[PDB]
Amino acid sequence: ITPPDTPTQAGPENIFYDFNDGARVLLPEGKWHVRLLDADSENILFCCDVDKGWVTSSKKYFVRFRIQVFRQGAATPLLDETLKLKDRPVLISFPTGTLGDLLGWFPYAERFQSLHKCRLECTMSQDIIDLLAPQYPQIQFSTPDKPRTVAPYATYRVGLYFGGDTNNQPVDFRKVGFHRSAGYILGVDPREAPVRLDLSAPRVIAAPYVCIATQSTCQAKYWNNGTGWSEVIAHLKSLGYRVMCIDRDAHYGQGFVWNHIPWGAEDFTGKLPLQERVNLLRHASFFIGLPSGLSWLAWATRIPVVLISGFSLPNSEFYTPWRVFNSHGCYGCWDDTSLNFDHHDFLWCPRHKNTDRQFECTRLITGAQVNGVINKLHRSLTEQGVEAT
Amino acid sequence: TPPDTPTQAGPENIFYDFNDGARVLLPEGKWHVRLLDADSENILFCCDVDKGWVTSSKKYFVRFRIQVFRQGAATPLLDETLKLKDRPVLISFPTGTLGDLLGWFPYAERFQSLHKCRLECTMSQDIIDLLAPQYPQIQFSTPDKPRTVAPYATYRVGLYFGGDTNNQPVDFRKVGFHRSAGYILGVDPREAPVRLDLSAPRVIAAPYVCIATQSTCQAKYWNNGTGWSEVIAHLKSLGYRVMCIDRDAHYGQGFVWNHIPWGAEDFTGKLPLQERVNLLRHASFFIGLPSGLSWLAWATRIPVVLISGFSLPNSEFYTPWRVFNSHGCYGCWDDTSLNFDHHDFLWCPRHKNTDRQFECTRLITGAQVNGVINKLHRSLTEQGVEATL
Amino acid sequence: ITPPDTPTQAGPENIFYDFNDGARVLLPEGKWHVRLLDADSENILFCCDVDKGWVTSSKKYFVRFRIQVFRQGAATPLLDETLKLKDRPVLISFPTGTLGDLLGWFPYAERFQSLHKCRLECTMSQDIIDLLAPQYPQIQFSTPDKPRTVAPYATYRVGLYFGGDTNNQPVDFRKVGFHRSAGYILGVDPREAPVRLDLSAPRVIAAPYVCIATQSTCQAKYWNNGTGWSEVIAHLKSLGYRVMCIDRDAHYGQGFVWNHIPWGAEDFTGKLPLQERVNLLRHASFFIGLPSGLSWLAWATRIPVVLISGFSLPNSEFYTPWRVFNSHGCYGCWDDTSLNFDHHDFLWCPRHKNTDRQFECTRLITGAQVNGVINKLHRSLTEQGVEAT
Ligand SMILES: [Fe+3]
Ligand SMILES: [Fe+3]
Ligand SMILES: [Fe+3]
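Protein chains in written order, with the entry's author numbering: chain I, 10 to 398; chain G, 11 to 399; chain K, 10 to 398.
Read the hints as simulated data drawn from the structure, not as lab findings. No residue lacks a Cβ here, since even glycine has one placed at the ideal position from N, Cα and C.
A few chain G residues facing chain I, derived, Cβ under 10 Å:
#, residue
1, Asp47
2, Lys68
3, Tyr70
4, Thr175
5, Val180
6, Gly186
7, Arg189
8, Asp198
9, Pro323
10, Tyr328
11, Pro330
12, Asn335
13, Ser336
14, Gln378
Pairwise CB distance ranges, derived in the manner of DEER restraints:
#, chain 1, residue 1, chain 2, residue 2, range
15, I, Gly173, G, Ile53, 33 to 41 Å
16, I, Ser134, G, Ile53, 45 to 53 Å
17, G, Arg73, K, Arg366, 53 to 61 Å
18, I, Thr11, K, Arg366, 53 to 61 Å
19, I, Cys56, G, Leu348, 29 to 37 Å
20, K, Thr158, I, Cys56, 38 to 46 Å
21, G, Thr398, I, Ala142, 29 to 37 Å
22, G, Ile138, K, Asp365, 30 to 38 Å
23, G, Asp139, K, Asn324, 50 to 58 Å
24, G, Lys385, I, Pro330, 33 to 41 Å
25, K, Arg360, G, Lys385, 45 to 53 Å
26, I, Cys56, K, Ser347, 36 to 44 Å
Could you put the whole structure together from the sequences, leaning on the hints where they help?
Following this line, the structure appears as structure tokens:
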């Protein structure tokens with residue numbers, strides 16, 4: 010996933026400059042004074058004297074950089090080029106991060122291209138490509154190992170950067186929301202939007218039904234209330250809905266802590282292509298889930314989404330009137346800039362790990378609370394149209 | 011200031027309330043009290059009190075359920091659940107600045123439409139004159155002359171510092187100072203402009219732009235030496251007349267004073283806000299700071315160029331013309347590890363009394379602002395007023 | 010700044026002596042006894058036995074020195090030379106200091122020449138040369154880098170010496186006044202006088218007008234009263250005067266502290282030749298300024314000068330009945346021998362930096378105070394003239 014070993018642009022004096030991984034310039038032997046500017050503000054971002062080697066901007070997100078190379082003590086610069094992306098090869102590289110990450114990030118990539126009118130290629134796992142590519146003919150999708158461009162003018166690496174990093178992102182993603190961070194990185198309208206999907210599939214299950222997602226990547230994201238899911242599933246049926254579980258896994262966990270597809274839900278679990286999930290989701294009356302990926306997919310299918318989460322604040326994901334949250338105990342571990350997410354600890358709870366208050370984030374969210382929300386949504390579905398937002 | 015005695019009204023002598031945030035007062039002799047959240051059915055607080063006031067630690071909106079038990083009895087004496095329909099409710103704002111109130115107010119209207127209550131709001135006369143005509147369903151008064159006298163519930167909308175989570179559900183710095191009001195009242199947290207009287211006819215014939223350069227602390231000022239002057243000169247070169255509409259022409263502390271910029275026309279002074287609304291309405295656009303006039307300008311439906319470095323772009327209302335620089339210190343105001351000082355006009359927690367003081371806004375050059383002005387100007391001439399907003 | 014590397018006058022046995030940088034004698038290879046005397050008092054200033062190398066007076070200001078060199082055992086001296094400046098090449102070197110410095114010092118250089126009847130060359134920036142040279146045909150003007158007399162008999166470097174230095178100046182300039190110090194250095198009548206200017210230019214602006222200078226070299230010299238300038242400018246107009254600001258810069262400052270041409274003053278700013286400023290000043294009814302340079306120029310064009318200053322005492326600059334000063338708080342940072350001016354700190358206030366009281370020097374000088382003195386000046390002008398003394 011590395012940038013070219015040598016910058017892709019030819020400077021007048023055997024000098025190569027690049028905007029892959031930020032503004033780069035490789036100097037041949039000589040005497041130089043190099044300047045990086047922000048073209049929009051005219052500010053001098055960085056400035057130094059060197060003989061040969063590398064000069065790279067500390068900022069890696071989108072900046073309209075302007076590179077200037079001077080012979081020490083000269084009046085005009087030998088090289089003076091400003092980033093201009095129109096009709097030029099650009100690479101946006103996503104990591105093979107979770108599903109929710111990409112569905113959140115991706116629209117911002119399309120915005121970047123409409124704005125700059127560049128030749129854009131994006132890199133991600135094949136399964137997302139199969140899901141999205143047809144709806145974005147403007148953009149070329151590839152895999153990290155076989156990108157078509159080979160030599161690009163500019164590259165941007167959209168992802169999450171922890172520990173408050175402000176070199177790869179303009180603002181800490183925790184301040185703006187993990188998905189909106191993509192917009193800031195790329196310098197586009199940061200307002201959230203759903204991906205475009207193939208919503209042409211015809212209805213298969215005739216009766217009214219609801220989809221649910223109970224599994225996630227860490228325990229904190231689970232709804233850790235003892236009887237929550239069982240109370241919800243029972244209630245959904247008492248309203249006349251069939252209930253299907255569409256989690257990738259039927260059992261998931263670590264050590265002795267294991268989570269299983271709830272008794273009473275239908276087994277639509279399994280790892281299959283996302284398009285099949287889209288097709289099933291499309292005709293669901295609504296969806297109940299966690300802040301992991303499937304909720305973003307449900308969102309993009311244009312159906313109501315009941316989102317249950319205590320470890321993140323309501324503004325941490327896309328807006329839904331059906332968001333569930335409880336503010337009486339610990340909440341928002343995830344958005345707190347004084348704490349640090351541990352990728353390796355599935356049982357991560359910064360403030361209460363190994364105490365009887367562990368995962369209070371979600372234990373305070375009762376089935377009654379979730380059913381209350383479901384009742385309002387149900388009334389709105391009967392009494393008002395589906396169209397009623 | 012809640013009533014000295016709860017305004018209910020419970021069948022036995024003791025009176026219960028929701029004015030501070032609930033409240034029960036019990037005559038001498040033992041009882042056991044239970045506070046619940048009707049939505050989740052969780053027991054929030056539980057105790058035995060022989061005498062005195064028992065009140066919830068949470069003061070923001072919750073569907074409280076008060077239960078009073080005789081010791082060791084199985085059934086409760088009192089079991090009242092908050093129901094606001096057709097009842098006197100008081101929303102008390104502080105006499106804070108303009109921007110605060112304009113930002114918060116729409117949430118109070120939402121609270122009313124949701125609960126169908128009899129709502130009275132308390133605020134400075136100044137704002138009442140501006141808003142009252144457009145919110146006929148709500149009663150407006152001043153803090154010293156409230157008409158309700160006896161209210162069923164009271165809610166105190168404001169900013170609470172130091173990470174307080176008793177008067178607000180979530181630290182306002184995590185959600186935005188204005189959106190906090192929606193969380194306190196428990197309604198749709200999405201920002202909206204207030205409704206104004208936009209009937210006034212055009213007075214100044216030629217195209218013009220309004221600007222606001224003053225603010226409440228030095229950090230909210232545009233501390234770039236030549237910023238304003240470069241902008242004002244540029245505006246004129248595009249054919250715009252420029253008017254300054256700040257309440258004061260000179261404002262500051264100690265030796266630090268800010269003045270209406272040379273070259274701007276003098277429309278300053280403490281006028282009724284409606285006159286500012288009338289002038290603003292026909293301005294091609296507005297340039298200001300995260301202070302109050304920007305919120306007024308917003309609500310008059312004209313494009314707003316908003317310059318701010320101490321505040322992240324997300325925090326105020328959205329505008330595609332937000333100016334922000336991410337290369338140095340930024341966001342003093344949103345940072346939960348720091349603390350705003352009301353008494354220090356020269357507040358800069360990270361760089362006070364150093365070379366970098368107010369870097370927040372010194373990095374924002376006139377060129378940067380003129381770049382944004384140029385795009386907005388282009389969009390106004392190319393497209394219409396429709397197509398921008 | 011540099012004196013010849015070898016003294017310009019030849020003594021008998023290969024000794025070179027001169028007075029360029031104090032009294033100097035370069036001795037080659039012998040056992041010598043050297044005495045420096047003050048011919049006026051006959052005092053032996055310095056006395057020593059030296060084998061080879063340099064012997065210079067510690068005193069560098071004007072002294073009628075008498076150099077005597079002895080063989081170690083000798084009854085009488087082989088060098089008996091005593092300073093005599095008649096018809097001899099003398100160099101007076103000014104630093105490239107501010108305008109007020111030079112205009113204050115210069116008259117004393119002319120006095121030194123009238124007194125001693127020598128051939129005098131002066132070194133200073135070109136812009137001052139253009140202003141003065143025509144009125145001082147007796148004196149030869151040059152710039153520091155291109156001096157015409159490469160072998161001078163005596164040299165004197167007029168300037169400010171800090172830290173109570175008494176080797177380059179007879180007495181601390183803070184005790185006698187920065188401008189008068191020049192006369193002490195040169196040993197002439199120390200009484201202040203204005204420079205001779207070309208006052209022949211004809212009137213251009215017909216109506217009555219006042220010139221003002223609001224900018225300066227450090228913040229302490231600004232009139233840091235919040236509403237001062239604005240109140241003065243408004244008042245001048247109500248008296249029928251047009252007001253022009255003639256500062257070199259329209260904006261000046263450092264960090265976040267910036268000063269701008271006051272709203273309401275006509276813009277006559279910019280880096281123009283001083284002769285254009287003299288021509289404009291000449292016909293002004295009067296001038297209002299700070300202890301910086303333009304006030305000295307105003308003075309010399311023979312118009313009444315209102316001088317506002319708190320960081321220096323009234324006697325610190327030239328006499329004017331229109332000097333404005335406030336004695337109730339901190340004043341006179343500048344004249345205080347126990348403090349030290351900081352050339353590198355634009356926000357220097359030794360007593361009160363970084364406190365509420367910073368620049369109390371001039372916050373105590375209100376617009377009312379200045380308008381009071383303007384009123385008196387105005388009455389005297391309408392009634393008596395011009396001639397006003
Ligand atoms: Fe937690
Ligand atoms: Fe700051
Ligand atoms: Fe002082």
